[PDB]
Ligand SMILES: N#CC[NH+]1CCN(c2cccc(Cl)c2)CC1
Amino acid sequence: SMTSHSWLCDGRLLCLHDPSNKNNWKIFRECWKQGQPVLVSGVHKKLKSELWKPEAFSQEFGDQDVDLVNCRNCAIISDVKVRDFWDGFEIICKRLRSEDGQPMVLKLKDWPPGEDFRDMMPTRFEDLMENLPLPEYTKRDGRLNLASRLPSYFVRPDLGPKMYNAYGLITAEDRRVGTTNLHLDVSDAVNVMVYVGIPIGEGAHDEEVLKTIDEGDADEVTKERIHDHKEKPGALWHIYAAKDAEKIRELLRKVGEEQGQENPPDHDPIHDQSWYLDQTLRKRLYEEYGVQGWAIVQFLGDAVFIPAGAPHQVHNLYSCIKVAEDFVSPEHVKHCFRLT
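Let me see this chain alone, in the form solved without this ligand.
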């Protein structure tokens, strides 16, 4: 039967089932006030699916110049055509190759660039902004979004949305690397999975995806979304409570020292955005510092709500298109204040 919601992460994560229900705030707001992330499923069924295909992005924008990152080693590939990224999104035999002759796992850096999403893609902007869940929080002018209402004493978010495009990580060695490294934002954000590309050529790659989710510490109910409902998994997230940020900084200073980095005792490993917490570092964070996170698998059409100040990292299981919007909820406005 259809239900308002369910629980993931053994009861620690709210999952709302109906992205447009006017009642969602009645369940959403107690979880949000406690500093928890929230998941909303089914946003893909509200969107115009033809606007979110990699082939259309290549056809319409393919001649623009961009940089890419190699996700395996962080090397920058400077000044290539955006079609060189899109045409390899799902077809492995079209991907740029590293010197070892392997196809590369690539991330498209800063595209569309800065605040230009709305100007470059006005029909995509309309389709997304009209279908965001919890609209009193997430719309630029929503009644519970203080972004446009705050003085300079607060760090205000840039005009969004922002698009995040990257290939899926593939091998056993790829399990220890991030698509986006551990970091925190001073605003709240909603991140929507608008497209998941399951590739072909090296197509039969279903089992390393399961071992990644398993080793990622995903709950049994999350694993049933694959096996029972056949939904498409895009990305594995780890998110940590804002209150646990300094304990995470202490772990990464200790590990940085063990690994022979030479770092002043006050430097900020989270702001550096240079770490991915693999199975080993997550277990150590738990055992030695008493810190537990939320392991979240974001499927096609899932919206992930990330609280201000919450450290988080992202690991693409397949090729993903994500679109994110920043907002300032009254619950978390303390995290963007410029004094004390």
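Requested next: the structure of the form deposited with this ligand bound (the form solved without this ligand having been shown above).
Shown next is a single chain and nothing more.
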């Protein structure tokens, strides 16, 4: 039977089922006030699927100049054409190769660039913004979005949205690498999975994905969602409460010193965006500092709500197109205030 919502993370994560239900705010606002992330499923069913395909981005925008990142070693591939990324998104025999002769796991950096999404892709901009869940929070002029209403005593988010495009991580060694390293944002955000590409040709990485989910600490109901085999999994997230950010900084200063890094006692390993918490580090955070997080598998059409100040990291299981919008809820406005 259709239902309004369910729970993941053993009851610690709200999952809303109908992205356009006018009563979602009643269930959402209690969890949100407590500093929890929230998941909303089904947004892909609201969108024009032909606007969110890799082949369309390559056809329309392929001659633009861009930089890529090699996810395995953080090397920058400078000043290549955006088609060199898009044409290898699903077809492994078309990917740029490292020296070792393997196909690379690449991230497309800052594309569309800065605040240019709306000007470059007006039809994509309209399709996303008209279908975002919790619209009183997430639309540029929603009644519960303070972004347009705050003085300069508050850090205001840039004009969005922002697209996040990267290949899936493949090997056993890749399990310890991030697509996006551990960081935090002073604004709230909603991140929507608009396309998942599951490859062919050398796309025999389905088996190692079914060991990542597990070691990633995903709950039994999420696992039930993986093992049912009805929906496409895109990315594994770990999110931590804003209140636990300093304890995470303490762990990462201890680990940096153990690994012979030479850092001042006050430096900020979360702002540096240089760490990915692997299974070893997540267990050390729990055992040594008493910190628990949320392990979230984002499927096609899932919207992840990330609270302001909450440290978070992202690991792509398959090739993903994500689109994110920043907003400033009244519940979390303290995180962007410039004093005390």
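Under this definition, the rigid core comprises the largest set of C-alpha atoms superposing within 1.5 Å between the forms. Residue numbers count along the first chain shown, from 1.
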ask   = In Å, how far apart are the CA positions of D228 between these two forms with the rigid core superposed?
value = 2.1
message = Can you give me the Cα shift for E202 between these two forms? Core-superposed, in angstrom, one decimal please.
response = 1.3
